[PDB]
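Let's start with one chain on its own, the form deposited in one PDB entry, as structure tokens.
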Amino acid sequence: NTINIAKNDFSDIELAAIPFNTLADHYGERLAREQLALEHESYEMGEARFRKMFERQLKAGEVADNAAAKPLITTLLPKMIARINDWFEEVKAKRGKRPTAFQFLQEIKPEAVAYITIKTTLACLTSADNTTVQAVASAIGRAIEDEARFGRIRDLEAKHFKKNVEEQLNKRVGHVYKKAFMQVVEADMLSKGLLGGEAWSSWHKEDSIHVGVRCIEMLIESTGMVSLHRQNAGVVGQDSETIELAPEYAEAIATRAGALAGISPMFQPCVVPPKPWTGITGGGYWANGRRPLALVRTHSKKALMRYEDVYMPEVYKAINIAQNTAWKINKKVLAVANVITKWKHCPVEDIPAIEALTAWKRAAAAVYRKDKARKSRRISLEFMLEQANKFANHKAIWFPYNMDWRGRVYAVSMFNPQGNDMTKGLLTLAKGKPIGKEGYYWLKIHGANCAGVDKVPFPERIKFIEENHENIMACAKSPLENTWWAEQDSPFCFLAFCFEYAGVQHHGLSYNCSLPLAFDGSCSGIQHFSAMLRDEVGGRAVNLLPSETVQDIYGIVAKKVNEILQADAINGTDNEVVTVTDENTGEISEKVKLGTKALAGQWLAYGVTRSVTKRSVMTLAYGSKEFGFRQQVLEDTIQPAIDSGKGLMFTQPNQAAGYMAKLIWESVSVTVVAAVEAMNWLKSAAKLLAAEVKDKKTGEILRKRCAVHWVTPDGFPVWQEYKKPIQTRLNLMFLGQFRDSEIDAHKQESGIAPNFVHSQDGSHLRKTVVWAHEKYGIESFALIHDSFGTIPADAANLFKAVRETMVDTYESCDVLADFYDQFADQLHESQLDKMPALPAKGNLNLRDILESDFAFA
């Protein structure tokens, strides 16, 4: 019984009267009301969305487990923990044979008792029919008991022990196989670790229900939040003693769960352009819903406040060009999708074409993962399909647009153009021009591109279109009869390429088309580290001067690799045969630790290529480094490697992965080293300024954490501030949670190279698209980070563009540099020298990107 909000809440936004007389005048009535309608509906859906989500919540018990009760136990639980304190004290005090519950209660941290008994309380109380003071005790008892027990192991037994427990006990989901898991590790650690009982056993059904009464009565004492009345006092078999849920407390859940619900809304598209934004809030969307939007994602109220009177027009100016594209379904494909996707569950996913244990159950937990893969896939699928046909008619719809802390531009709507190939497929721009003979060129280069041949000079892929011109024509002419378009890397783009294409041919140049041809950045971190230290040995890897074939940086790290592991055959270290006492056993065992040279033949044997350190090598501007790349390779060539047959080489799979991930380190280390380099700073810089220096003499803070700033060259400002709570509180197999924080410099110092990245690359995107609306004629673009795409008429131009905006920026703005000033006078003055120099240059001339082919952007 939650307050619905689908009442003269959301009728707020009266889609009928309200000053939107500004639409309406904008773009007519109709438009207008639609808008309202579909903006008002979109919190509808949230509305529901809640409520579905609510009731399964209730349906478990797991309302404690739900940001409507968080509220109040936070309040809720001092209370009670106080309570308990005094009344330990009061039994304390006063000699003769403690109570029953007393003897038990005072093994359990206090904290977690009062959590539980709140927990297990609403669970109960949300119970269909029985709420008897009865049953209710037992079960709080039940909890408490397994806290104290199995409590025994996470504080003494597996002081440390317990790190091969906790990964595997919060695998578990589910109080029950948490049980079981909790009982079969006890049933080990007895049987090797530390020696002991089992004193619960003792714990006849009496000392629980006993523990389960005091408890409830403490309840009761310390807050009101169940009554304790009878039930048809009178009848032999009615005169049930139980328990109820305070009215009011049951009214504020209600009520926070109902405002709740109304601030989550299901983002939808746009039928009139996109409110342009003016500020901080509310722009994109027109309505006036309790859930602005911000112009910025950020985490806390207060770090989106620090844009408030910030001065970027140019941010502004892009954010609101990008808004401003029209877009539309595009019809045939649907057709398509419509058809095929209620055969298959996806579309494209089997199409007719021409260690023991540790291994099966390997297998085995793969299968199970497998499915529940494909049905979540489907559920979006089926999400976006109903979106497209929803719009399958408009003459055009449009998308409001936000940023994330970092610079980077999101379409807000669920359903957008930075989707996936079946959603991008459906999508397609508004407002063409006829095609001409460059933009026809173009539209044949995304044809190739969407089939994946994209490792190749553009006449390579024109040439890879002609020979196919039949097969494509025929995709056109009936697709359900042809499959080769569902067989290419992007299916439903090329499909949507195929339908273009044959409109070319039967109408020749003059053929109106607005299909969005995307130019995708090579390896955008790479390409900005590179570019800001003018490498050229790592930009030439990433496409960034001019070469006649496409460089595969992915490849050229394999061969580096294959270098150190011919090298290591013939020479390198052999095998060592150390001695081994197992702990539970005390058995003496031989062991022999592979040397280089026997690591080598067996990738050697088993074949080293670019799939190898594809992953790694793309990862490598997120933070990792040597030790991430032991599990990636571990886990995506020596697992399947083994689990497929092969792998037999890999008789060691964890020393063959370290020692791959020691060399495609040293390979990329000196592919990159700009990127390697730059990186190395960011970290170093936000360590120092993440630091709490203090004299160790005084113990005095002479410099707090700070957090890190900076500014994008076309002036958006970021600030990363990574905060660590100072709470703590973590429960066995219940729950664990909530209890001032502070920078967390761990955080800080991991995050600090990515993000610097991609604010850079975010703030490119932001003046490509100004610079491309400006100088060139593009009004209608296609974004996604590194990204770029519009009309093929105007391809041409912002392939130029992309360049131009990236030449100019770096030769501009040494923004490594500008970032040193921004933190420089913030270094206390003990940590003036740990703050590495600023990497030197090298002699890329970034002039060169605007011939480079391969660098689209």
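Residue numbers count along the first chain shown, from 1. Think of the rigid core as the biggest set of C-alphas that the two forms share within 1.5 Å after superposition. Compared with the form deposited in another entry:
Aligning the rigid core between the two forms and inspecting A363, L480, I379, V578, the C-alpha positions shift by 2 Å or more at one residue, which is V578. Comparing the forms between the two forms, the C-alpha position of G141 differs by 2 angstroms or more, with the core used for superposition. The Cα shift for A82 between the two forms, taken after rigid core superposition, is 2 angstroms or larger. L190: CA moves 2 Å or more between the two forms after rigid-core fitting.
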Second form
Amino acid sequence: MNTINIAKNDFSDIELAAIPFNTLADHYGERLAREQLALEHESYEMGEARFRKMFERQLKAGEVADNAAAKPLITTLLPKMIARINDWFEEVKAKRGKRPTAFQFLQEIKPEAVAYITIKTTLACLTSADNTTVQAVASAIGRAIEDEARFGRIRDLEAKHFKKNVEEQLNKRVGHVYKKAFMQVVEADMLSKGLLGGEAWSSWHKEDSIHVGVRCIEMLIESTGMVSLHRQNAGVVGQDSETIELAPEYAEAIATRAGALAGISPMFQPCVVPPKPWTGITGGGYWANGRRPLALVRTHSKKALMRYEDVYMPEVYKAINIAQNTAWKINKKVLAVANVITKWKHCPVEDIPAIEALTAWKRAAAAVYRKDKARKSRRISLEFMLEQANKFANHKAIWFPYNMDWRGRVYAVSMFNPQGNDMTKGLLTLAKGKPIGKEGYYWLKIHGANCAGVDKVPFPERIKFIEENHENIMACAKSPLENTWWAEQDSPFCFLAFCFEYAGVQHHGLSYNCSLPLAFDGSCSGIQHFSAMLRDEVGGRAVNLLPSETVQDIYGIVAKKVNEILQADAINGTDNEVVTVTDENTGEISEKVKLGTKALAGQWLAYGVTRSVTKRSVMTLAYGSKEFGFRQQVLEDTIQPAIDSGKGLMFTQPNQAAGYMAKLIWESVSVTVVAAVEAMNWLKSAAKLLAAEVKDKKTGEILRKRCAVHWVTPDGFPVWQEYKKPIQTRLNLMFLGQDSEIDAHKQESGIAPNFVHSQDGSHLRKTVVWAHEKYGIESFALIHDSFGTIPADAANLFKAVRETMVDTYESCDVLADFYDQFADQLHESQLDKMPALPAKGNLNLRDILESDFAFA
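Switch from the form deposited in one PDB entry to the form deposited in another entry and give that structure.
All you get below is the one chain by itself.
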């Protein structure tokens, strides 16, 4: 109810504190200091308002218990409630005679769960309905206990395998009513199949539900210090009542956590001065001594950060500080267009005017449900991104602080940042421009080609596309509202950003001062890095590591290989077979048709396999996907949209064709990028052996403990992969879920994506240092595997990003160094089981320097 406004003293500190004002005015003067510290003061003020609205929305809907300010008392109140749940259960079982009316209802539910539900529904009722009456409150337990007892029967006993199917569609429902409707329809379906044992739920009558709840107030008073009973007008049977007795003592305890957590969530804005350079682990970026100091590495534990406190990494610190020094400004011309069309369209480039059936309906019904969520989810940030773009639009320059994740990828810290979407990327441009010149004009035109989606042809055709559309770009730049052509492109606002700079070179010639960031994007960075480590010529050429006759499309290379076997499987290959198969649930044994590869191939050839069929499987390979994961991709990306849109008449049995294509895609991808597949296998074996508590069964003692996986990037950034799992969790059907060990599978399921993402972070960090010290490059646009600068320095960043990768993998065998880190950490019995280093192929890294389409 009452929240401490924490802004009075500590939010007044950051402006009025001496030392933060001292070191910042010494660099940029007092007046930039007074604005920067007031802007950081504002950022905390917009964030305390962010909490209080969310807290006030939670109390309106009765959602006060799932905040992290109500958690730390709740996590210490359940261990006493469970005892008094048992203690009442142990008081009457020894007494002979009848049960008290509610004893039987309390037993069907897990004694930890009933502890929770009596807590939350009482705070839900009092903070929303303002009524202390037991008739509303004792029913609040009793209705929701009956909800969890009846519908948790599905999750508990008769459908533990079938719940895993219906769990996802229950999660996609939002709100207690919608999850209740779905759980009602599910239960009625199973009783038609006779799944839950055939007994339909006999609903508790009203007088039962109140009796269930008047229990759970009484065990709360004896168990915990929360709520102490109060009796009203005793002796008058007309006026005999008892308050809910919710303790104001504990309401203060959530307020000292509501107020404390409201000061630690700031809405991070950009910087009007260059951000404070990183000299240590905390403190910089933003200049003030705030309640939330920026961390150099965004770790999930404070211990994980403290290992970084002493490690000597001069080149990591150099690379972040150079990146922070890039002066950005808001593209005023792009913002003028964006300020107009967003007032008319929810997404300004969305709908431009231009020239077994029950499960298909249910798929279409869920489509508008998700798109209604999607439309609300995309418009609220677009309004915010426009506000932040409009706020700093008149500033001569703004700056973005930078820190890193726990693997070493570089992230801008402000919520408005160059790392956002196309509109935000188009709304931002560099401030320190140069005369564009001949080379800058050429690379500006190339940057224009990639904004329009023309990135699959060589540079002369990319140059040619811009020149043929000269009158289209000029008419778009002269008036962007009379010509929608820029909005039709792949990157619309960034293309319009190119359109104005192209117009400036047309008006002012090659002496035009241009500061547009010209991005260069690595094709598939993980596969690019994996092929470079093991020197795969065939894999490297597929992601343009090598000079090729044209741009190489790794999605279409796989699709060509799939269509090769598809036409081979149309001539030879298995015929259709009849196989006996049983559904495990009904037990019924049926004799269905299993299509041979001959009939399966002719189905796919009727559909037509292009790079759209195999795109997602290649993209998710570096994330760990393999032949099984491709099957649900093929069914979701290709097969089901075909059936819904009139095609799929070939796909008589969709799950058979999805697993057939997944077999073919994996056969093609794992044979095209060989070094990628082998490298993730080696890393997975390493994290598997490191994360075992390997012990002898007879002695029972662990010879070697669970061990985390750790490596060092060639830049000098160290990484610690330590996924940790909790001991016990509780899951409620209608309501929300409530020491540690090493989560061994997450260690295996993360080692190869995190390592190659750590590798492209060191590649990025070495690139911005090499471009800034060997060349004069001072402005940087950095999206993980994307490299951007002003057009005059574009040719050097083009040359520098190739130089660092060539030098790094020539100077560092990052796989063999990774072996040297963990090898002394192995148990004997695992040492024989560790596979050897994957071999080195015939690729020469010096070819990368002349690779036109690596971009990185």
